[PDB]
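Using the sequences and the accompanying hints, generate a full structural model.
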Amino acid sequence: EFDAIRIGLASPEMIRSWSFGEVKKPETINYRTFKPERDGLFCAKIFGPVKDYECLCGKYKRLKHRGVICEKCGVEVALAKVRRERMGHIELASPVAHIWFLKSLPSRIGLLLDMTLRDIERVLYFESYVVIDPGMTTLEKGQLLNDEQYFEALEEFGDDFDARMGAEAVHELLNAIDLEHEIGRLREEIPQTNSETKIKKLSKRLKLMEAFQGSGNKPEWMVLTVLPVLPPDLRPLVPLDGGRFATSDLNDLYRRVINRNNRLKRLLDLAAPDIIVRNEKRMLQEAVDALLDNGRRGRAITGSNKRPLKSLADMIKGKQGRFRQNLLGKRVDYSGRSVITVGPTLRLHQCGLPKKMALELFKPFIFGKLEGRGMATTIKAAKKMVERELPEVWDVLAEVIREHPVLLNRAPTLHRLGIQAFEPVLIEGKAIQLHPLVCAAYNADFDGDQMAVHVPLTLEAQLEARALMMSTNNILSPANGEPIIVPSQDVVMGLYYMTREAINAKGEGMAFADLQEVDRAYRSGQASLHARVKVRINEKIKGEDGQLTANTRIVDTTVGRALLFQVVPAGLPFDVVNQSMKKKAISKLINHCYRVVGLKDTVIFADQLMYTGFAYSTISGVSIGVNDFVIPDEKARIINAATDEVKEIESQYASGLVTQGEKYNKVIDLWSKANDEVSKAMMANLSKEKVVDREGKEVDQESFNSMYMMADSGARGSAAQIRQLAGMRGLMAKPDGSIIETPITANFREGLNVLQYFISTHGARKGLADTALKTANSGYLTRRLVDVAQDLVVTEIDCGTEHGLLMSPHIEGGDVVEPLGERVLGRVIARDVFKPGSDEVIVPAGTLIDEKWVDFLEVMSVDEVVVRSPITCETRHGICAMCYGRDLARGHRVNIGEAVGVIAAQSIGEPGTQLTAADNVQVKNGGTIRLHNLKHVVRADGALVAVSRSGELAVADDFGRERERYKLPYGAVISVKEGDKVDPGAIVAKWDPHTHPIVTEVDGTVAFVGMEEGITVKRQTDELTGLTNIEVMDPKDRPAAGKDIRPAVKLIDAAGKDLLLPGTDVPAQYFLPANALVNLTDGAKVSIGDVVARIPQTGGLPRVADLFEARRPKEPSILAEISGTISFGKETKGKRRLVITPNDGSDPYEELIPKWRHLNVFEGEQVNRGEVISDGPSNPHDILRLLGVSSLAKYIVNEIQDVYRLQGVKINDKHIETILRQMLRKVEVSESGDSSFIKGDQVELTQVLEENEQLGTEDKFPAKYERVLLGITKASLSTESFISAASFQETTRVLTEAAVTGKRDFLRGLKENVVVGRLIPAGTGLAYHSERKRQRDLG
Amino acid sequence: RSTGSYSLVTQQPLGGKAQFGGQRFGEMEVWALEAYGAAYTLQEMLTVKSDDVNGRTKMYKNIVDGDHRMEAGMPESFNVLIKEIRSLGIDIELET
Amino acid sequence: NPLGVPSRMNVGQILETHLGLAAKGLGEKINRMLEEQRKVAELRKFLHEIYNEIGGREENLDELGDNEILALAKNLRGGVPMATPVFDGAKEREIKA
Amino acid sequence: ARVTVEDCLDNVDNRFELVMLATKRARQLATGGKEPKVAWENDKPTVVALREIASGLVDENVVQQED
Amino acid sequence: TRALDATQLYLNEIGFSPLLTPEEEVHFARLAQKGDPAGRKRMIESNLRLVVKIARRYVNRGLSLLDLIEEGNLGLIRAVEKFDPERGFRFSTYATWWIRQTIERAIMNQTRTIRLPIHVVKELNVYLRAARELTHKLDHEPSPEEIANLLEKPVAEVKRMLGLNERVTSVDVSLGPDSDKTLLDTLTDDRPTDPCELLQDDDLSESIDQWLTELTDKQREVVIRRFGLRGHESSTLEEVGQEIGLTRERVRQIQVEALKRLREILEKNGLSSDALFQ
Amino acid sequence: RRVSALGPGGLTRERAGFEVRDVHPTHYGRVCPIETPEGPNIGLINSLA
DNA sequence: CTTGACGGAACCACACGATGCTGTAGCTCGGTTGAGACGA
DNA sequence: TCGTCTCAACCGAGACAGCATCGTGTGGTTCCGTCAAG
Ligand SMILES: [Mg+2]
Ligand SMILES: [Zn+2]
Ligand SMILES: [Zn+2]
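Residue numbers (the entry's author numbering), protein chains in the order written: chain A, 16 to 931, 946 to 1126, 1135 to 1376; chain B, 1261 to 1356; chain C, 1116 to 1212; chain D, 2 to 68; chain E, 57 to 334; chain F, 533 to 581.
Derived from the structure by calculation, the hints contain no laboratory data.
Hints should not be assumed to be uniformly reliable.
Computed Cβ-Cβ distance ranges for the label pairs, DEER-style [what the hints assert, rightly or not]:
1. A:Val253 x E:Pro210: 26 to 32 Å
2. C:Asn1116 x A:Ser595: 17 to 23 Å
3. B:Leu1354 x A:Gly389: 42 to 48 Å
4. A:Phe461 x C:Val1155: 49 to 55 Å
5. A:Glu163 x E:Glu80: 22 to 28 Å
6. A:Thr1135 x F:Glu570: 24 to 30 Å
Mimicking BS3-like on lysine-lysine, the simulated pairs with C-alpha atoms at most 30 Å apart in a straight line are [as the list claims (entries may be wrong)]:
7. A:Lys280 x E:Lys90
8. A:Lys96 x B:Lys1277
9. C:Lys1206 x A:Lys705
10. A:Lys399 x B:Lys1318
11. A:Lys1370 x D:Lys38
12. B:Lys1321 x A:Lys370
13. A:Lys118 x B:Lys1343
14. A:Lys215 x A:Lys233
15. B:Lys1321 x A:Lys296
16. B:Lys1277 x A:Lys66
Chain D regions said to be covered by chain B (calculated; three or more residues, Cβ under 8 Å) [claimed, not checked]:
17. 16 to 25
18. 29 to 37
For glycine and all other residues, C-beta sits at the position ideal for the given N, C-alpha and C.
Right under this line is the structure:
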C-alpha cells in the first residue's frame, strides 16, 4: 500500500514534474459549442477528457487504448476519473511568496529573519526597501530602508549592493540565508541572555532552525515560481436548466490570477519602469492572497451579489469554521432517516423493521441471493421485481432478516450508546419498531425525531458489530457501575403495585403450595396481588463455583413477592427481592445479577422481567386523579400567617427601621423555610393517605395512590416536583440576579393567578435558556475534549514498574459525600494493602476488584488505598492495559487495543446537558479525632493552638476509617484532645474568620522594639473609655520617616535574660502589622499561646471549562514557594515580595505578589508548600509547581466530583485521570547540554533520550526535566502530526509549521487513519500492524 | 437509498439522482464508533461504503462470487489529499 | 401514560380529560334524549340545568323552540365546547358537579 | 439457538482475537473449502461462526492449519 | 500605527506624478520616437491621474480596482509605445481610447466564466442597453418580445443570445442568511458515477459474455466481431468479408437470426421490454 | 405576530448569550414568553400578546 | 445459394460568419505583542 | 544604571470599425448496412 506519511518542503522543479502542462488562456468552455478548448482551465491535454474513453477532437472513441496520445490534439485518452489525478501549473516570471506563512498567528518569515510582521509586509506592499548580501555596508540584510534611503545607499556605495523589493528578494535571502550555519550563532547567544520576551523569540527561532536542519529541505523552496492549478473536476462546470452553468468561485479566482499572469507576461517584454512592475507584482500578491484565503485584507466581491468569493481554503475546509470538507459533512451510503416507535412484543436480540426499507437496505444481499439461488441471474429484472412488489420477494428476502445485524444511530449524537445493533423482522408500515429498554440508553424519548439507519456491506463488519455494539454486550454504562439499560416507569410500577404489604385484602393468611401454584391461585379471581400469605420457595444458591445446591426457606413473602421470584431465575436469592422496588433498588439489583452471572443470563432475564412488568402494568389500575393531589388545610394557614408576617415586614420597612438588604435576606430565607415546611407536610399527607382496617377500627400503612408510588419509586422526577403540583410552588428567582419576594399562594390544583404565573414564567424562560445553551456548550467543549484524548491506544500488557496514586473518599462537610466503594469499583490494586495490625497483607498482587472485594474492604477498616494509575506509567506513546480498570462494557479486565480515552471523554461530555461561613467546626457523627500533618502546641490553660494551616481534621470512626474530613486554618483552637472518646455534635475546633489571633510559643515579659507614637503606633481612645490600647498605623497613612520602620515585640525573661525559641537561632519576636490592637501592655508577663493582637479578616459549564482549560481565573490563589519559614520583604515598593527562607535549602529567588490581591500570610510563620494563602481557586497548572502529581490529581478529582455529585450522575475518576495523563504527557526542560534551555517535548522522548545517553560514551549527557500541565487547546498543538491538527486548528498555521518542520511522521494516532480510511491501530488492527512492522525493515 | 451517485470533490454519495442521500457520518459518529476497541469496521465503512475506485467493485465481486479475501487496496481520499497538498508544493514520498 | 403529570409539570391533562368525560356524558345523554323522542320542554329544562352552574352566566330563554333549539341540537349532538380563561378559569367544584 | 458471545467472553476474557477468528472462519465457510462443525439452524455463516467460536471447537492454530 | 493596505499605499506612491505644460509631453513623445528609456518612463510615471479618473468610473463590477488601474496603465503604455507624434495633438485622448479598449477587454474576459469574443459581447451590450432604454418607458420586467420587436430581430435569435448570459452565482451563498448547508452537496454530476450504474454495466457485460459463451461459436463470433465487444475492433462484415463470411447477405441473415435467438432466450430467461426499459 | 431579533441590525443566534434571552417584569401584557420555537433559538424570537 | 436498390454514417471541400488582433489623438475566550517596573 | 518579569490591548474562532485567417454547418460524393427478388 503506502507508508511514511510525511511533510517536506518541495522545489519548483518537482512541482513541475507533478504538473502536466502550463495554462495561459482564460478559456473554460466555448461560446459556440459545449466543448472546451486547449490551454485552459478545462483543457484536455493537461488534465484529461470530460467523458469516458474519448479525445478532445473526437477522433478516438474506443475502449482499447489507455495510454495513447492523439495526433491532432496532445491529449491522452483515458477514463473519466483521470481528471481527478492530473493537475496543471502557472509559470511565475517573478517568484511570489506564500501568505499562509505571514497572515497566521505566527509569522515565520519574521522569526527566521528576527523581524516583525509590519516590515516584512511593507516590503511586499512596495513602500519600503530591502537589501541582499550587504557585506561591508552600514546596513545589513535585516535592516529597512525607504525609497530615498535606498537611493542614498545606492549613491553612497555604487557597487557591492543589490536593492530589490517584493518576494524575489525574499527568495534571494532564503537562498543565501544559510540555515544550517545560522543556528550556531543562535545556539551561542541563547545562554548569553535569560529573558522571557527575547528568550521566547530565540526559542522559536532555534525551533525552526532545528526543524530546517532535520527537514532535509532548502529554505529557498518556500517562495515559489511554479504554482499549480486546481483540478477541473473538483470545480463544477455542468449544463443547468436552460443553457445555464454552475461554477464555483475557485474557477473565477484561478482565471483572475491566470489573466494577471498573462498581463505580467505581456508587460515584462517592453522595458517597463519600476513603478508599474511594483504595482503589478503587488497586484499579483493580492491576487494569490485572494487565491489562498479570503476575509483578511483583500475583501474581493463578485458581480451582482454581496457574498465574498471562496478561496482554496474554502475547498480544503469549506464551511463551519476551520474544519475540513471531509470533516464537516460525510454522507455515507446505504443509509436513510426514519422515525422510530416502540415495539413491546420483541426480544432484546431482535427488533422490527418495515418492508419498504427492508427491500433496499438489504439490496446487495438480495441481489446475491437472487443470482445464487437460480431464479433471476440479471439485476435489471431484479430491480423490476423489487419495484413491482411481487409475492415471492418477501419469501426470498426473509432469509437475510432473521440472522443479519443492522445499525441504527440517532442524528443528534449524545454518547456512545446512540449506535446499536439489532435483528429485524418482517412487519407492515413505514416506520421502525424498536426495543423499549434501549431508549433510556439512547437518551431519546419517543418525540418524533429523525433517526438514521446503517447497514454495513461485508459479513465481517456484521460479526464485529454483533461483537461490539450488540445490546447483550454494552450493558454497563461507561460512566459508572450502573447499567445503561435503565427500567422506565411501567415495569417499576409493576414491581411496586405487585409487591406490597397490605392490611386488608381477600385471602389474608392463606397458604400457597409453590410458585406456579401461587400464579394459578392469583389468576383465579379470588386472590389479591398484595396479601399476607405463606409459600415455600425452591431456591438455588450459586455461591459455590460449579454447583447449585437446592434448599427451601420459609419467609413472610406476599403474593407479589412470590410472583416476582417466579420470573427471577435460580441465580438470585429470595431475600434480595423483599424490598419496595425503587428505581435505584432495581438498578442495583440488575447490576448485581449482571456482575454475578455475566451477560447471556442477564439479557435473557431482562426480556422476561420486561414482559412480566408490561403484563403487570397492563392489569394494574393506578391513575393520577383529582383526589390524588391531597391538599392539607394547614397550607392556607401557613400562607395567611406568612402574609401577615410579610405585611409586618413591609410596615417595619416603611416606618424606617431596616434597609432593603436585611428584609430581602429575611424574606428569601423565610419563604424557603415555609417552602420546605410545606414540602415535608406534603410528604406527610402523601405518606398517610390511606384508610384501611382488617378486623379493627383504624390501621395506617403506605398510601395506595399513584403520586406516592411515583414519589417512592422515583423513575422520572424527584420530590421537589410535586410541590408545584400540590403545595407551594417554590421561589423562582429573577434572571437578573435577584429573587422575587412574593410567594405562590395558589397551586396547580386550585389554579394560579396572573402574577404568580408571571413569577413562574421568568424561571421557566431561564431554564429554557439553560437547556438551549447547554447542548451547544457541551458540544463545543467535547469537540476539543475528545479531540485531545484521541491518542490513548493500548499496546502493552504489563510494564513492571511500581507506582500509584492514593484515592480518598469525599468526606467533606458533616458526613461523607462519596463512599469508598463507589470510587474503587472495577479498579486494580497497585501495591499491597497495609492492615492496621502488624505484617498482615490481604493479597501481594494486582488483582481486579470484583463484587466480593468491595464488601471485603467494607468489612475491613482501610481507607487510604492506592490504585494503579496510568498517570505514572512507564510505557511510550500509549497506556498499558494493566493500569486501566474494569470500567468498560464488559465485566472482566480490559485488553490490548481498547481506545480508553474516547470513552473517558464521552463520560464527561454526556451529562453536560443536564447541568444548570467557617465560624465553628462541628461534627455530625460520633468518631475519634485523628491529626494529619499539623504542628500544634499545648497551652497552659489546656487548649490546643495550631500554628500550621496545612493541617486537616480527620474524624476517624470506631473501626479506624475516616468518615468526616475538615479543613483547619492557622491560629485555630482545638478544644478536644487527640486519643479521646467520641462525641456526636460536639465542638472539636473553633476558628474566627473574623478576627485573626497571634499565638505565642514562649513566655515571659514582652518589649516593643521599633514603636513610635505617631509613625508606627497611635494612642487611640474610644468614647466613654470603650477602648484603651495601642492602635497601630497603616503602611500608607504612616509618615515618610516611619515608612520603612517595622515594630517587633521582643519576648524575653522576667529577670532580663534573652529568651529564644528552640529550633531557630533568632528569638521569638512577633512583629506588629497594621490595623492591630495590643491587648497586653509592654513589660507584663504573658503566657505562651495567648492572643497578642486582633487582626480582622461560579459553577457548571464555565467552571468545568476553566478546569479543563487549565487556565488561571480572574482572581488566582498565590502560594508560598518552598516549605519552611515565610517572611515579608518589600512593603511599600509597589508589590509584595514574600521571601522564603527555609532551614534546609535557602533560595535567592522570591515570588512576587500583587497589591490588589489579599495576602493572608503571617509574618514569620512556617508556611509549607501545601498551604493556600490567597482567596479564590488555584489552577492545576499553577499548583503543579510546588507539590507534584498526587495532590494535584486528588484536587482535580475532588473539584470534579463535588460539582458532578449534586446533579445526580456518578462518574469514576479514571475518566478524567487518563485525560489528565494525556494533557500531562508533554513536559519542559530547564538545563542545556543535549537540548536547549526552554523547549517543550514529550516525557517519553526525554525518557528514551536519557536511557540512550546513560549507556554510551559520556557519563550523563542528559539532565533533569520539569513537569508542566496543559489545557485542551494547547496540549494537542504539541503533537508531531499535521492532518490530525489540521482539523480543529487553522490550516494556515499548522500546514506552514509542518512545511518548515520536515518531521517524517508515522501512522501513529487515530485522526491520521480516519481521515484516509486505512487500517486503524486501535482495535483489531494489531495483527495487520504487526505484519506491517514485520515485513517493513525487518526479517 | 442503497447506492447513490458519488460527488465531484470526493467519492461520497449525494442527492440529485432522484434519490435522497444518507445522514452525516461526521466526527461524533466515528468517535462513538471507535469508543469500543475495534478497527475493521472503521476502515470498512471508510473504504468500501465510500472513497474508493476499484475497492467497491472488487468487494461487490467478492459478495457475488461468495469468496472473501479482503484486499486492502488504495483509497481515493489519500489521492484527493495528496493533490490538495501538492497544490501548495509539498514533498511527500514513501520510504517502504 | 401517567408520567406526563408528575414529570412534566402540568396537571391539566387530568382536568381536561375529566371535563372531556363530562362533556361526552352530557353529549351521550342529549343523544339518547333525542333518540327517546322527548318534548322541547324537557330539552330546555336540560339546557337550564346545564347552564346554571357556579361559573359563567346563563343565556337561556331567548332561542326559539322550533328553529334554534333543533339547530343547536343537530349542531351539538357531536359534543359541546367549553369556554375557559387562562388564569381565572374553571374551578374544580363545577367539574365535580 | 441464539447468538451468545458470553460463552467466549467468560472463557478467553479478551474480546479481541475472537473477531479475527470468526472472521477467518466465516471466510472459510463462504469460500466453500471448509465444512461447518455445528449444523445450520436456518442462519447465515455469521451465526455458525460465532457458535463455533463460543463452543471452543476452533482455535488460532486450528484455523491456521485449516487455512 | 500605520495602514496595512495596498490601495492607500498606491495612492501615496502616485502622489509624486508631475503635471507640466504640454511641451514637456511633446518633447517626451519626440524623445520616445527615436528610442530612449527616459521619455517612456516619464510618460508612464507622470500620467496616472487620467488613469485613476478612468478607473473610478467603472466601479461596482466583477473585477477589482487594482485590475482597473492595471489595465489603465497597460493601455497607456501601449498607447505611448506605438505613438506617432506627426499629428501634433494631445495623447491624453489616445490613452483614454486605449484604456477604454482595455477596460472593454477586461469586461469581456474577467467577468463571466464562459469566455466570449468581441462581437457577441458587443451585441449583448447593445441589447442590454436597448433593454435599459425600453424598461424606463415600459415600467415592467424586460421580456424578449419587445426587444425583438424594437431591434428588428427574431425572437428565437435574441432568446438564444440572452441564453448565453448565465450570470452564475457562488456555490457557498445559499438561500437565506443562515447558510447551514452549501450548494456543493445539492447537485451531482450528469455522467454515470453511481455504483449502481457501473454495477449494472459489469453485470450486463458478464451476462452477455455468458450468453455468448453458451451460444454457438459462429453466432458468438458474428456477434463479437461486428460490434467489437469480446476483444474486437470497430469493424463489420464489409471489413470481415475475408475473416468470417464473404457474402454480406448470408452473414446478415446469420446476424438477425442470432439476434432473434438472443431475444427468445431473453424472453425465456425473464427479460422483456417493459422489464428492461420500464 | 412573531417578534424576532435576527436579521439586519439585530442579534443573531450566536450573538444572544445570556443578555437578550432573559425577561424583565416590565413585560406585563406586552411580550409572551410561552411562545417561541424550540431548537437552537429560544428567547430572542418572541411573540406579540 | 446468387442478384440489384435506398437510408444512414464518414471524411472532406466550400463556406459564413467568427475568433483573434489592431488603430482613433477632449457572543466568551485563548495565542501575540508593545509597554511599565524592579533588582544586581 | 540596565535586563527581565509581568501587563493590558490585538487578533481570531464555534465604442466603433476594419483586418487575417478559421471551424464546424452544409452539403458532396462515397462507403456501408439493410431490404426485397429469385
Ligand atoms: Mg425527542
Ligand atoms: Zn483525438
Ligand atoms: Zn504503566
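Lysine 1321 of chain B and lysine 296 of chain A were given as a pair; does the straight-line alpha-carbon distance stay at or below 30 Å? violated, 56 Å
Is 42 to 48 Å respected by the C-beta to C-beta distance linking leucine 1354 of chain B and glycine 389 of chain A? holds, 47 Å
Does the Cβ-Cβ separation between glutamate 163 of chain A and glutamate 80 of chain E fall within 22 to 28 Å? Once the Cβ atoms are compared, 24 Å apart, the range 22 to 28 Å for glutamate 80 of chain E and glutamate 163 of chain A holds.
Is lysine 215 of chain A within 30 Å of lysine 233 of chain A, Cα to Cα? Status holds; Cα separation ~25 Å.
Is the hinted pair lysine 1206 of chain C and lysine 705 of chain A satisfied, with a Cα-Cα distance of at most 30 Å? Measuring from Cα to Cα gives roughly 26 Å; hence the hint holds.
Regarding the pair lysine 399 of chain A and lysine 1318 of chain B, is the alpha-carbon distance no greater than 30 Å? At roughly 25 Å apart (the allowed maximum being 30 Å), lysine 1318 of chain B and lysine 399 of chain A satisfy the hint.
Within a Cα-Cα threshold of 30 Å, do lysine 96 of chain A and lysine 1277 of chain B meet the stated pairing? holds, 19 Å
Take the segment 16 to 25 of chain D, compare each residue's beta carbon with every beta carbon of chain B, and decide whether three or more fall closer than 8 Å. That given contact holds, which follows from 4 residues of the segment 16 to 25 of chain D lying within Cβ reach (below 8 Å) of chain B.
Can you confirm whether the C-alpha distance between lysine 280 of chain A and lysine 90 of chain E stays at or below 30 Å? holds, 25 Å
Holds or violated: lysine 1321 of chain B and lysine 370 of chain A, Cα atoms, limit 30 Å. holds, 26 Å
Is the Cα-Cα distance between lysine 1370 of chain A and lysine 38 of chain D 30 Å or less? violated, 35 Å
C-beta pair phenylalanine 461 of chain A, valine 1155 of chain C: status relative to the range 49 to 55 Å that was hinted: holds, 50 Å
Hint violations for this structure: numbers 11, 15, all remaining hints satisfied.
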